[PDB]
Amino acid sequence: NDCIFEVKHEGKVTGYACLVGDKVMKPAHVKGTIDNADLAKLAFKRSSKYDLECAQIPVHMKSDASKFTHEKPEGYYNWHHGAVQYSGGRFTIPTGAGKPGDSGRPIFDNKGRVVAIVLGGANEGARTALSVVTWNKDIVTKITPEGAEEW
Amino acid sequence: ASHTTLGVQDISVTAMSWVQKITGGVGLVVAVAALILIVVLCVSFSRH
Amino acid sequence: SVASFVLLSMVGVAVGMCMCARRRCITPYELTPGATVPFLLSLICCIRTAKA
Ligand SMILES: CCCCCCCC/C=C/CCCCCCCC(=O)OC[C@H](COP(=O)(O)OCC[N+](C)(C)C)OC(=O)CCCCCCC/C=C/CCCCCCCC
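Protein chains in written order, with the entry's author numbering: chain L, 111 to 261; chain D, 392 to 439; chain F, 372 to 423.
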């Protein structure tokens, strides 16, 4: 934990950029400059398909990036605003747990490794379906439940 | 003159084959680029 | 007039049979929760998933 950085704006934080493996994850819909000076200077390749902005970590100096994994067994995970529960192909939370302005928050498994980065959520009544950027064995994927709004 | 003069398309030499060769080569490279782009769109349309 | 009328009616019957085939080959996938329709069958029968 504590490896993430808030992407700062003029007067408030609009999202969170996470360090995973050797890439500086950052959602693309959120805009800002990133707090840390060096990270702001990297070339961020974008993709509207996956709503992501990533760049090679200066791994010569950043040797603290979070571990990652590709398997997502159904169970319970945590995202620093509570505990996210897995079911089928959705992530659900208590309705008030999620809030705008905290998009890009990494979510971990029980062993302290990230599995997905939240982009937004759809309030389903009691639960909130999370739109996340995860990855399978090979390549990233964007699970977007119906009616999910950006954060 | 004891003949007539009309538009270009029917007056070009039989050695207009240069035009056909250049146009066909450009059309081939354009078609290959379009096919590659179509294939890339197809997998990108199935990976999401 | 007769030839034109029947031929357009023939193509109408053909398109109706195509629509009926699409309905009867797609409803099993519609009823089943999970929505695992393959990409190939979605393209052939001209349907889209709920995550695209
Ligand atoms: C390695 C490769 C080697 C191969 C090379 C092949 C060579 C290429 C050759 C072409 C040969 C052309 C021979 C045919 C010519 C005979 C046509 C004709 O018999 O005509 C001749 C007339 C006679 O002259 P005159 O004095 O009686 O007329 C003017 C009257 N005065 C003077 C009072 C103004 O001349 C006229 O009238 C013409 C007037 C109109 C001409 C202008 C044409 C306008 C075209 C515009 C195209 C627009 C671009 C389209 C882009 C759209 C985006 C997709």
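In short, the hints are calculated from the structure, not lab data.
A few of these clues could be false.
As the list claims (entries may be wrong) - Calculated cross-link-like contacts (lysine-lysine; reagent style DSS-like; alpha-carbon spacing at most 30 Å): (1) L/209 with F/422; (2) L/122 with L/182; (3) F/422 with L/252; (4) L/177 with F/422; (5) L/182 with F/422; (6) L/141 with F/422; (7) L/172 with F/422; (8) F/422 with L/155; (9) F/422 with L/133; (10) F/422 with L/151.
So, against the hints stated earlier in the document, which numbers end up violated here? 2, 7 and 10
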